[PDB]
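S.K.: Could you build all of it, start to finish, from the sequences and the hints given here?
2 protein chains.
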Amino acid sequence: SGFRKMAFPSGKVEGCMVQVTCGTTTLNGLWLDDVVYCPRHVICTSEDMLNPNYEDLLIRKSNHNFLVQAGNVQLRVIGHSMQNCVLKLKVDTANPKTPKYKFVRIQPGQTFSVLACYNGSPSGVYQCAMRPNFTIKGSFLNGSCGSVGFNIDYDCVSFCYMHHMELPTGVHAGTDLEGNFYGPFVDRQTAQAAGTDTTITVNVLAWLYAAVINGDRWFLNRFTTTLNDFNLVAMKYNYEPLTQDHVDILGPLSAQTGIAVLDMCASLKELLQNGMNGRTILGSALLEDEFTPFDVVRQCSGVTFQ
Amino acid sequence: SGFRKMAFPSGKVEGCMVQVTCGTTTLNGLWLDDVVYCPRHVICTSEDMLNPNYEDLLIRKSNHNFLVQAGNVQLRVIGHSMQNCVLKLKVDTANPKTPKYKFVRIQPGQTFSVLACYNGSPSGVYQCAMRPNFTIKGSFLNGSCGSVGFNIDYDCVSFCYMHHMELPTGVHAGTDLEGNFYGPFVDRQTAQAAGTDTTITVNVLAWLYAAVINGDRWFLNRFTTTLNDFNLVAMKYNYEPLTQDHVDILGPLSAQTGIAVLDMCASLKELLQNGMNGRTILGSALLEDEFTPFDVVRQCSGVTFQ
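Listed in order, the protein sequences are those of chains W and V.
Going by UniProt numbering, the letters in the first sequence line up with residues 3264 to 3569, in that order.
Going by UniProt numbering, the letters in the second sequence line up with residues 3264 to 3569, in that order.
No wet-lab data here; the hints were simulated from the structure.
Keep in mind that a hint or two might mislead.
Given that identical chains are not distinguished, each listed pair holds provided it fits within a single copy or across any two copies.
[To be verified] Computed list of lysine to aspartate or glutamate pairs in DMTMM-like fashion (alpha-carbon distance at most 25 angstroms, straight line): (1) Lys3365 / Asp3479; (2) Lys3532 / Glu3429; (3) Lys3363 / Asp3526; (4) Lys3353 / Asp3297; (5) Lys3360 / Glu3441; (6) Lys3353 / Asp3492; (7) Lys3360 / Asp3439; (8) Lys3365 / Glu3310; (9) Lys3363 / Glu3551; (10) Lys3351 / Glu3503; (11) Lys3365 / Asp3439; (12) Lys3363 / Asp3319; (13) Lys3324 / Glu3551; (14) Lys3360 / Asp3418.
M.R.: Given below as structure tokens:
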């Protein structure tokens, strides 16, 4: 029993982290096979970030201008190219620790683990979600760009995020591993403001199922609802509209607990309208939305990775 | 910016996890040098757990009765001994992935990372604290015993916890790596109830400093207090008494923010008496007590491990 915000084991990703320095800027890179991936703003000074022309700035950079260090050893850069907002630095040595991996572009509402790194060295691991406004609420200081987000299915690491930017409001923006930003954000130090931080309804419901499986049952009420009636309440509280696709995804948790999805929706509706009255659910005083239905099943079934 | 519940990178510990089977019971072991450490209740059936005589049960076990598997390969058990509540299984091969390590017995209030494992395979990593009642609030299913808790300082893993038991109330109990339980708990399936779940005051204060460093400043008030006056409020709310030792430990965070420790205490006192009025601090609707002052400094300074 017990339900915790749980990250994936990070060892497979630790073995891929390197330090990348270009001129005076140092950040992290991801070394997979004979390629190191990093944010293209490694080529920028802080002055450059205000209005960078990346193609022009890149002209002044050769292979030998990218210093790549894995622990205490250099890697030799034999080619480089810009793909969207990432650089691909070809090195002469394939990473002997390369795991099985894929690059995936995730949907808003999906979760992943972040290995926060500085100077190519892992500092910590935590769980994030891609918010509906395409930001993430991470923990990133200077030096952390190029840290990655990932999921693991057995022995395959699916990389889905690379950190690039901190917005003036303290939330975070980045790209997939093909270098395309999530949402409308750009790698320029400008006025970029995030849209509404909407709550991920299907994730709240999954977490309520996790609470029931763990004995936290006080919020179960005598009511049910419909999708359209629930969504009238979802909209007022800045919750994502619940769809039939979401109902289908919650099917297994509904079967395990014997609580119909729409009955759980009516419980959530009462929590939104009445608050929690100073009570807690799984040790939280607010409605948690960064566990997916898949996250709940994994943590409740003990799925492992090798 | 951003502050997250952050675990240590788990790769150094992943390489030490093995599966231990004795008879029909399978759990996890920790392989360091040529010794595998695991809970002694690996020798018990579920019936045995009601009133086990471990010395008697162990008589019926020989080296060859302990099946130890690292991934897909057996390890050969060449000796075994009981130390308190752990078994030490001597194997004929030193773990080639053994990190620099120490065994430490932690104090209540200190935090650590848990690598939850099943059948010797890591499933996830999360952050815990040793509660003042000597329980931990973890996430452990059947199969998870022998999972360990640890801290890392640079390249040295300090192992501090091994999971043994789930209490009927759903909280968790275990030992240090010398096999001595934290608190009064025993490895027997009996009525063991936890004492008061007291809040770790020095950790709440550290987290309030983390909030200020991140721009969450609404709870700063115009008041100060004294240790004795604060502790009159701490006692009413089941908070640990704050001591001068705690004040000294918070010194660096006080210096960085310019907020005197006793001024932060008066802010906390108002939060305890008035509640948070539906507001949040670092995304939490309650007062968080599982970050130590050291955890805050590390996460706020970007300390790394290699």
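S.K.: Check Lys3363 against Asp3526 for me: Cα-Cα at most 25 angstroms, and say if that holds within a copy, between copies, both or neither.
M.R.: Neither, since 41 angstroms and 52 angstroms both go past 25 angstroms.
S.K.: Checking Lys3365 and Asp3479: alpha-carbon separation at most 25 angstroms within a copy, between copies, both or neither?
M.R.: neither (37 angstroms within a copy, 38 angstroms between copies)
S.K.: As a check of your reading, is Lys3324 near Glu3551 (CA-CA no more than 25 angstroms) within one copy, between copies, both or neither?
M.R.: neither (46 angstroms within a copy, 47 angstroms between copies)
S.K.: Since the copies are identical, ignore which copy is meant and state whether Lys3353 and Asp3297 lie within 25 angstroms (CA to CA) inside a copy, between copies, both or neither.
M.R.: within (6 angstroms within a copy, 40 angstroms between copies)
S.K.: Reference check for the pair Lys3363 and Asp3319, CA-CA at most 25 angstroms: within, between, both, or neither?
M.R.: Neither, since 35 angstroms and 47 angstroms both go past 25 angstroms.
S.K.: Which holds for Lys3360 with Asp3439 at a C-alpha limit of 25 angstroms: within a copy, between copies, both or neither?
M.R.: within (21 angstroms within a copy, 32 angstroms between copies)
S.K.: For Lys3360 and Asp3418, with the copy left unspecified, which applies at a CA distance of at most 25 angstroms: within, between, both, or neither?
M.R.: Result: close both inside a copy and across copies, 13 angstroms intra and 19 angstroms inter.
S.K.: Give the relationship of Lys3532 and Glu3429 under a CA distance limit of 25 angstroms: within one copy only, between copies only, both, or neither.
M.R.: neither (34 angstroms within a copy, 33 angstroms between copies)
S.K.: Cα distance capped at 25 angstroms. Does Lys3353 pair with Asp3492 within a copy, between copies, both, or neither?
M.R.: The answer is neither: 55 angstroms in one copy and 63 angstroms across copies each exceed 25 angstroms.
S.K.: Are the CA atoms of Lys3365 and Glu3310 at most 25 angstroms apart within a copy, between copies, both, or neither?
M.R.: neither (35 angstroms within a copy, 46 angstroms between copies)
S.K.: Between copies, within a copy, both or neither: which fits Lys3363 and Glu3551 at Cα up to 25 angstroms?
M.R.: neither (32 angstroms within a copy, 38 angstroms between copies)
S.K.: Can you give me the call for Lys3351 and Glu3503, within, between, both or neither, at a CA distance of at most 25 angstroms?
M.R.: neither (36 angstroms within a copy, 52 angstroms between copies)
Consistency with the previously given hints fails for numbers 1, 2, 3, 6, 8, 9, 10, 12 and 13, ordered from lowest to highest.
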